[PDB]
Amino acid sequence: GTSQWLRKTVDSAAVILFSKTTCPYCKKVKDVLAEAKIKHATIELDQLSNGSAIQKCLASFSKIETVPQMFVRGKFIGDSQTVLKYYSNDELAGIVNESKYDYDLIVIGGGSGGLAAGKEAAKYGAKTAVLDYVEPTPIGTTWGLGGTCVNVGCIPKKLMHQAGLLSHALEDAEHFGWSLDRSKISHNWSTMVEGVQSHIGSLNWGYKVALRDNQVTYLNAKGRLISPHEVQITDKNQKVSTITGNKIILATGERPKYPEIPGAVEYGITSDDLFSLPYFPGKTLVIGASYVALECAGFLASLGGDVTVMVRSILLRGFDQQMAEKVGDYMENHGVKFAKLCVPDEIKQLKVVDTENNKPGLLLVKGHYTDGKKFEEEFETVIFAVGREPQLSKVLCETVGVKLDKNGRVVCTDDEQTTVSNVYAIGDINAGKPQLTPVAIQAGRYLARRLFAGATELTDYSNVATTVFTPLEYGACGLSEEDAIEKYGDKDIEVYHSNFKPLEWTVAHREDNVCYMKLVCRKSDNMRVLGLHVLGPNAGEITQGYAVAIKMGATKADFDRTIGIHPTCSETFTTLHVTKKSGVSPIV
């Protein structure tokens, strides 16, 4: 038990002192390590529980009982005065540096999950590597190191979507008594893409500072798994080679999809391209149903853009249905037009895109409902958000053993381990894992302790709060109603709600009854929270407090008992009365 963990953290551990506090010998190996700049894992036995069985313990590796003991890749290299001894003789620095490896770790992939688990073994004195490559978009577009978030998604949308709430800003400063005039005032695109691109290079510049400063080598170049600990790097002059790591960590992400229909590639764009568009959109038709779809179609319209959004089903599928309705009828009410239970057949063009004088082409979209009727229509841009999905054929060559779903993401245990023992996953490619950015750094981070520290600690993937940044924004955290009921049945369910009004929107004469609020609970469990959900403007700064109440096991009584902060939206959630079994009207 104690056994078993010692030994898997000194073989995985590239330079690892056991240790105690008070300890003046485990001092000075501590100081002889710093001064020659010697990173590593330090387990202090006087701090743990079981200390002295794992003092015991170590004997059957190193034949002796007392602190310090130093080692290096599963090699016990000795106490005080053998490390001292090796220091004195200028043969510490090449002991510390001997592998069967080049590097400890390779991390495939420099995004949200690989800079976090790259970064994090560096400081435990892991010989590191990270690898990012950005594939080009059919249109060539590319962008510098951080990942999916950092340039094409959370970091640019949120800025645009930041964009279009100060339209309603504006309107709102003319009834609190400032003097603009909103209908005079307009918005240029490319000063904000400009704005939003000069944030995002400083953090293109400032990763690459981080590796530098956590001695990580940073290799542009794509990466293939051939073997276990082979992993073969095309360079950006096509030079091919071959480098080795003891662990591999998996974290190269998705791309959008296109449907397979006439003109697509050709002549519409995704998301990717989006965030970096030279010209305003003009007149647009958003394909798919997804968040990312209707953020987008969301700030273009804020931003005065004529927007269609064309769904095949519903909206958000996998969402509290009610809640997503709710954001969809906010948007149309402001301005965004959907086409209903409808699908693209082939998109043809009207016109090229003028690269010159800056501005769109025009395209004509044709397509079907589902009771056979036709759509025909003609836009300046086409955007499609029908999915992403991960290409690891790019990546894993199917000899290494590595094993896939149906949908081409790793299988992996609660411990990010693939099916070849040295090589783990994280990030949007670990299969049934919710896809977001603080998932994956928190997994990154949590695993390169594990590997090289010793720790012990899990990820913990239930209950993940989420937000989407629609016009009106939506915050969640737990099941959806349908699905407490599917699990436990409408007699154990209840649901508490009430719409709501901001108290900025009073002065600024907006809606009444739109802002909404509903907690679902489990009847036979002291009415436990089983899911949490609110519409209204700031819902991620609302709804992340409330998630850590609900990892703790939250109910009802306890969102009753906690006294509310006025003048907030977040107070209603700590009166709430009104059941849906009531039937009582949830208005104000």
Contents of the next structure:
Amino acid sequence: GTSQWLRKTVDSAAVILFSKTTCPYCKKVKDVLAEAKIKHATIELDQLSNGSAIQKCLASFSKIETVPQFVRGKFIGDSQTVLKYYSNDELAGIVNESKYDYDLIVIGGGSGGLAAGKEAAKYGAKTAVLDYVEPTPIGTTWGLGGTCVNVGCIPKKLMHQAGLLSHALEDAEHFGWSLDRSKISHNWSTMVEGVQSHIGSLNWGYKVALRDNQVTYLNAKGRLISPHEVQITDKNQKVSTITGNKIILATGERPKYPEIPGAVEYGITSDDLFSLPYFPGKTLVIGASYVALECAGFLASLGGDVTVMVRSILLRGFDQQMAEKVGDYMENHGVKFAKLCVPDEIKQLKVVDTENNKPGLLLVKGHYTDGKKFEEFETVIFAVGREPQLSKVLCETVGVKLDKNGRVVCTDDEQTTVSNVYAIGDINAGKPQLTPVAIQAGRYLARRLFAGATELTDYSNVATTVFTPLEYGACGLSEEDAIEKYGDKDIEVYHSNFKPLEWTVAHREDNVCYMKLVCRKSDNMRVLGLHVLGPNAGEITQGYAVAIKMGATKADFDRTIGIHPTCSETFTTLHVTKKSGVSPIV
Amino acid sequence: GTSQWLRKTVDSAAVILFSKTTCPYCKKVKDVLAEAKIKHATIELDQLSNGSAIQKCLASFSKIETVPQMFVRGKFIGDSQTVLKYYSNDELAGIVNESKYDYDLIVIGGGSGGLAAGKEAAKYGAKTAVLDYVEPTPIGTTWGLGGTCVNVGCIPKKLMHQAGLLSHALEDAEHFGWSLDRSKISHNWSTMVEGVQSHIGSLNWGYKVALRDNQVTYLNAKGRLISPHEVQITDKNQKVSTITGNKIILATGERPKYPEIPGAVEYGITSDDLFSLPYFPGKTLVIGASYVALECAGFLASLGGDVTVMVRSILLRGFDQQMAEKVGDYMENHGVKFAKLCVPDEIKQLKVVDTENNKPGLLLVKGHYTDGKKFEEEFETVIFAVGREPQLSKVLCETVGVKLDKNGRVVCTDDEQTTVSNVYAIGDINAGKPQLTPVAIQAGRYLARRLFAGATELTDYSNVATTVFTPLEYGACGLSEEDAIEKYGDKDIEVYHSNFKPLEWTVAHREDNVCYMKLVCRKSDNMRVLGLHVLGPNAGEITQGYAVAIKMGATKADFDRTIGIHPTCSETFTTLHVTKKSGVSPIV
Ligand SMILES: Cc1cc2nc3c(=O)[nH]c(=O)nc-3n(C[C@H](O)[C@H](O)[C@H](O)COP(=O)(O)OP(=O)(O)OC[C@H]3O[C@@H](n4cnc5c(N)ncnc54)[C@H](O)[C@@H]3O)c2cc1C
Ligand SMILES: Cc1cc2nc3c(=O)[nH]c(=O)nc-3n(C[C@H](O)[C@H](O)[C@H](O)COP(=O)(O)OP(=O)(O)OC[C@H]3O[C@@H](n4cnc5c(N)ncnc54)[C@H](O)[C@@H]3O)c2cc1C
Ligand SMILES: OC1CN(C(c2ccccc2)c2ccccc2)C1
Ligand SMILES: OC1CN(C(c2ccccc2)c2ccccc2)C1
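Following the display of the form deposited without ligand UXG, present the structure of the form solved in complex with ligand UXG.
Let us now look at the entire complex, which starts with that chain.
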């Protein structure tokens, strides 16, 4: 038991020191390692639940039981032995002795891979991270940091914010400011400049941060040819093979395209939208996911003429009453919808004018589910899902098992069917596809491999926010999911409309914002899911995700007092139930 | 045991029907009561844990143990047949109105807690009256039903706070690509006051209509407890009379103090006046350092005023002082001036307020610093924010026996009972309780439930979250750092902290390291979160949800294992790691 942990820890750690805080002979070793620039993990025996057993158990490797004791599985010595290697100039060569080039190779430099790399490096692991950005069909490309940094959460929430500031210009007049919203316009390329300027500063920050943790950054495409061999390819095409003890796969996903004529040739995806040199103009967004809705939302707030093509429903997998309230708000505020509709081909009427910086022109043809026809836009953005391309990363012969969708099947500690290879982030099968999830898995995984830790990532009840023009925050089950799992008779739902105080003087709507709490009667009225639609929904929801992790019930919400003038306080006084039939309005 | 609960409930309730859900004889009696428009509390016995024992105890009053049993003001009325005999004989309505006094409940004070108590008492059939009156300010300002928050507190102040934030929203819009020129935009104070006052007026009317449609008598009259059941009311027409009630709830709030210096009451104003002021204040001196004074000073600067705050000693006494100082440093860097360690001596009139052209006067303010050097500057407006106090002398005849602490607040047990057994107190006049509007609503709604419905839930007053609405907002829940260190000793306290920068501030070119958060934790108790603090945008919305986890005893581990929501400020709480003992820098 304790036997198996210690044998595991001593085998994968690069440089580890077993120690005590009060021990003086250990501080002498720490000081030598500190002085010689030797990074290492450290286990202070005197603060562990079974430090006595561990100390006795260490003798099985070192034939001693005292407490200043390891490099890559090999016992090195006590303080006397280590000082002697130090004095005689032998110490640096033993700590670099390795069967492989790196203790860890990370394939993919995004939210999870950068986070796993930086954490391993802190415990002495010799570490390389690989990153390469295959261009889009028109050639768009970007720098280190992954999908969120460059073409995901960071540029889309900045663009969300450009769009919110438009209603702030509307609201300012009613609070007494002299401006006239009706004679202000928005300049797209000015906005893209500021957004890209911030993205480039993150590109630079990550490069600076790997340099300062002594992580090798290879800007190269990687391929696992064998359990410890990674084939890399240069920007000059030069092919080479590096070796690593532990491999972490963290290569993420890219957007899909429908198999129709003109899709790849004349349409774009979100990959291209966030650095586009011209304003998209009259835009058709094809899709109904959060990417499609979020992008269609801010393009509308920035003045554009915007249509969304919906195959079946909005936001599949999320609570469908909230999805529809989200949709009704957008449809009431500009965004147009072609419902139960699908595209059949894109034809080109004008080519993109690179000179004068202008979009092209396109004819879009399709049909509705009843057969009726759909038939002009300047930009077509496809947002019809995302997928990994592991055939380009992972030679079949290696042995890494995949599920039917192309994602990696992993144990609950991120390990693949090949004992030294792990996977994190979007390509980990059945996990929430979110940046904060990728970062926590990567950091905890790196501590287990090189520092003796045991903590797992908890993937249950992870909160979300959809940054549509009115935001929608969620934590836990949807309403339909709770009923499907426990029966309607066992589910109680408390809900209420509300109106932000900032909307009163601005003459905004009375009962569009909405929140609800999905509970379980038989389990002391346990909160199964939380849903809020309104401004700052992400800030509202986060704090509640902690109490749900702790098993919060309706009583825990009742007995907590609200903070006044806020929207979030409405959760602390909810009382109208859906079965009561009472109206939720204010 | 259970028996003395049942007698407190039966003796106190107005109309109460002991029933069972499945019982068909009960459902017949419910509908008779619903038809004749007779409201009542209902205690379903098959949905309480030990209702079988209670059935036995009901015999102590009614000599039966059958299910349908109705009581009116402590008297057993009848079972199913007897209440149907009363109905068809034109007798039910006389028995249900049989009362020793005019009302079951008199609420003195129609503010946050009083209106809430009255509304919930009327639900369960209590004949309720709620008195409200607004003594005018020295310059004669006056307002309508609702209390201090609705008319001259949390509601107009956050709206003016909001007008102030839109200034920086207008600045940021240029950087996000909008064409406006912030330079050429100014503010109009009177246009703003009209909108805020319009929304207030709509709230005055909503409360009158809520009270009408709950069957609560609203008397616009000043009330005075003369005996334990007798309240004396004075009209707007100066007319005096005497009503009586079984239970009395005192909920009369507070008003702003003035310092005893020449000129103050004559030529100064307070918060009661600032939110309906017909003219813009102009160059303004705010005296004091509480959340009222900083919040008001903050939006006047944001609106474009020339503003000075006179601090006697420290900012935000009683709060976390590292946080208080970060608040004050932000303000000083964005145009609020402070006169530090300074106190006023007199206010001299130089010019009278021009009511006709709608312009302020001119004042001279003279005071002195602790170093002996003198203060002398002219100000168009001077606002005192130097505390708030109750005036129970005007409410409470000394002969009644309601005991008060040295400050003038009402001593109460943990269910709000005064030293006179039928009189309670809620809100700002309850001694030792957080003086906050949500607290006064929960106190009010829970007390009414206990008196007229047989509920037992108490108000929990510990760890009540707050938010100070300065230009950069400050949210807090729990103990401040110096309080935890004092209570447990410094070696038992660990503090995790971090600077942050909202994503919205990146393209807007705002500062990198002003926003800040910290968790104050107790080592020897599983790293228990003793207090949470955040300085930043939307601090109210950030803090609220964590108040639930803290009520539940959250630890640092519980914050670690919860995952963030990305693009948010609030997610920085889920990955804190730098400790103060460590001495590592918290910057970004
Ligand atoms: C438009 C959009 C908006 C989003 N908004 C949010 C949001 O608000 N909040 C949120 O939590 N999540 C959001 N997400 C999801 C978030 O981007 C992902 O969950 C996150 O990026 C997953 O991180 P990862 O490390 O698994 O993958 P990635 O960040 O994509 O990292 C993979 C990296 O590896 C590179 N790579 C691929 N193949 C190879 C190879 N063979 N060799 C070397 N390098 C390779 C890729 O080019 C890339 O740089 C959004 C996603 C999109 C598309
Ligand atoms: C400027 C300011 C800003 C504030 N901002 C906030 C904030 O953001 N959040 C927050 O939670 N709290 C805030 N507060 C505090 C909040 O206003 C109070 O905690 C709350 O109003 C207390 O409610 P109450 O029912 O105890 O008293 P009140 O609201 O004052 O109600 C008492 C009422 O009774 C009336 N009355 C008095 N004497 C008599 C009498 N003899 N007969 C009849 N009627 C009488 C009074 O005129 C008044 O209408 C603020 C306070 C101020 C001054
Ligand atoms: O024809 C049906 C209308 N449906 C969507 C819809 C509703 C409102 C606005 C836009 C779109 C929808 C369906 C289901 C969940 C949420 C929204 C497609
Ligand atoms: O912004 C400045 C810092 N603020 C004061 C302060 C605020 C909180 C705690 C202590 C001190 C102050 C400083 C020095 C002398 C007197 C008061 C106002």
